[PDB]
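Engineer: Single-letter residue listing:
2 protein chains.
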Amino acid sequence: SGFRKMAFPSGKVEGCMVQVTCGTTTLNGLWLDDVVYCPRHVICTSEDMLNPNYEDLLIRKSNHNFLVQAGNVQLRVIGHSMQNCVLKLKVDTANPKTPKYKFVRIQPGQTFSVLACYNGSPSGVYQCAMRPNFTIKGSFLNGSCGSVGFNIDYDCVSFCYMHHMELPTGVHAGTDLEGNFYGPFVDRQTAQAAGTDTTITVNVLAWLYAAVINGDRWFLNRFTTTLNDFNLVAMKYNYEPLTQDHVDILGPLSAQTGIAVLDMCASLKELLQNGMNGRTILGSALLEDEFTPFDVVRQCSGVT
Amino acid sequence: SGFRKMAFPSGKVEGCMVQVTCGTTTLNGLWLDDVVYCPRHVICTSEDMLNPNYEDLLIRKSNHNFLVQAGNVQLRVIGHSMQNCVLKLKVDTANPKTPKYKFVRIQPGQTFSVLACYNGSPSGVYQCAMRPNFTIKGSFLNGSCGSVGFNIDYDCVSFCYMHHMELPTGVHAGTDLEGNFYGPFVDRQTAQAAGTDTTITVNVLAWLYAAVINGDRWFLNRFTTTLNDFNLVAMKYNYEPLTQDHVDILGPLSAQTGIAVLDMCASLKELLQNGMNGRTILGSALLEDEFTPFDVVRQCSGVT
Ligand SMILES: Oc1ccccc1CNc1nc2ccccc2[nH]1
Ligand SMILES: Oc1ccccc1CNc1nc2ccccc2[nH]1
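From first to last, the protein sequence lines stand for chains U and G. UniProt numbering puts the first residue of the first sequence at 3264, with every later residue one more than the last. UniProt numbering puts the first residue of the second sequence at 3264, with every later residue one more than the last.
Accuracy of the hints is not assured; some may be wrong.
Heads up, the list lumps identical chains together, so a pair's fine if it works in one copy or across two of them.
Within a straight-line C-alpha distance of at most 25 Å, the following computed DMTMM-like cross-link-like pairs (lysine to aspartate or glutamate) qualify [stated by the list, open to error]:
hint	residue 1	residue 2
1	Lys3365	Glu3277
2	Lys3363	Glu3277
3	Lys3400	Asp3297
4	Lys3360	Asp3296
5	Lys3360	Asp3311
6	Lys3324	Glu3533
Treat the hints as calculated values from the structure; they're not laboratory data.
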């Protein structure tokens, strides 16, 4: 029993983190097979960052300009290419600790673990969601760029995120491992405002199920609703719309608890309209939206 | 910028987790050097758990009765002893992945990372505090016993917790790595009630400093207080007393933010008396007490 914001064990990713230096810029790289992936802005002076032309900046760079260090041993760079907003540095040594891995582009509402790194050295691990505005609310100081987000399926690491940017509002933007930004963000020190950070409705419902499973039941009401009625209320409160795909996904939690999804929707509706009245659910005074239904099932079942 | 509940990278501890089986009971063990540490209740039938005599139960056990598996390879047990509420199983192989380590007994309010394990396999990592009532609020299913809590100082893992028990209220109890329970709990399926789960005042203050550092300043008031005045209010709200040792410990956060500790106390006092009025601090609707001052400095500075 008990329910925690839980990251994947980070060991498999710890074994992939290296330091990348280009001139005076140091950040982190991900070493898989004989390729090191890092944010292309490693080649910029903070001066360059205001309106960088990366193709033109890259012409001035050689393999020997990229200094790649794995522990306290240097890797030999034998090639470099730009793919979207990441650099791929070919090194002469396959990472001996390369895990089984995939590159995946996640959808808004999907959760993942971040291994926060500085100078290629892991500092911490936390759980995130891709926000509906394609930002994440991370913890990232200078030097944390190239830190990655991942899910693990038994022994296969799915890399979904590389850290590139902090927006002027102190939220975070980055790319998948093909170098494509989540949302409309660009690796340039310019005015970039995020859209509405809506609540991930399907995730709140999952977490309400987690609460029932763990004995927190005070919020369970006598009402039901319809998708359309619930969705009217969701919009008013800056909650993402709930689809039938979300209802289907919650099916196993519905089954385990014997609470129909639309009943749990009507409980959520009353919590939106009435608030928590100073009460807590799973030790939170607000509705948590950074657990997926899959996360709740994993943690409530005990997958390794 | 940004502030997350952050666990230590778990790789060094992942490399120490094994499966321990005695008869039909499977749980986790910690393999350091040529010793495997596990909860002594591995020797009990759930029937034994009602009033176990562990010395008498252990007489009926041999080295060959303890099945220790590290990945899918069996370790040979060449000795076993009981130290308090843990078993130490001497195996014929030193763990090749043993990190530098210490055993430390933490104080209430101290935070640590838990690597939740099932059948010797890591499932997740989260950050905890030892509660003032010597419980922890974990996430632990059947088979999670022998999962450990740790801090890391660069390359040295300090093991502070091994998981043994869930109380009938679904909070968690366990031992240090010398087998001594935190608080008054015993490894017996009997009536064990926790005392008052008070809020860790010094930790809330640290987190209020973290909030100021990260731009959340709305709660900063025009008042100050004294330790004695603040402490009267703390007691009324089930907050731990604040000592001069706590004020001294917050000194560096006081310095960084230019907010005197007693000023931040007076801000906390107003939040206790007035509540949050539907506002959030670092995305929480309640006051977080599971960051130490050391945690706030680490995450705000970027230690690896
Ligand atoms: O639903 C809302 C409630 C309040 C504010 C903003 C929104 C828009 N949310 C939204 N989710 C989407 C998913 C796919 C495509 C477009 C989407 N727009
Ligand atoms: O302060 C309180 C406010 C409300 C309820 C309970 C308490 C007691 N808290 C407490 N912390 C201690 C630390 C060391 C020794 C004894 C201690 N008692």
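Engineer: Does each hint fit the structure? Answer for all of them.
Structural biologist: Verification of the supplied hints:
In the homo-oligomer, the alpha carbons of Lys3365 and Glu3277 lie at most 25 Å apart both inside one protomer (16 Å) and across protomers (22 Å), since each shortest distance falls under that limit. In this assembly of identical chains, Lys3363 and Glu3277 lie within 25 Å of each other by CA distance both inside one copy and across copies; the values are 14 Å within and 17 Å between. With identical chains, the CA atoms of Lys3400 and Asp3297 are never at most 25 Å apart, being 31 Å at best within one copy and 42 Å at best between copies. Taking identical chains as interchangeable, the C-alpha atoms of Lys3360 and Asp3296 lie at most 25 Å apart whether they share a chain (9 Å) or sit on different chains (22 Å).
For a Cα distance limit of 25 Å, the shortest separation of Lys3360 from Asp3311 qualifies neither inside one copy, at 35 Å, nor across copies, at 44 Å. In the homo-oligomer, the alpha carbons of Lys3324 and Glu3533 never lie at most 25 Å apart, since the shortest distance is 59 Å inside one protomer and 56 Å across protomers.
Checked against the numbered hints above, the structure violates hints 3, 5 and 6; every other hint is satisfied.
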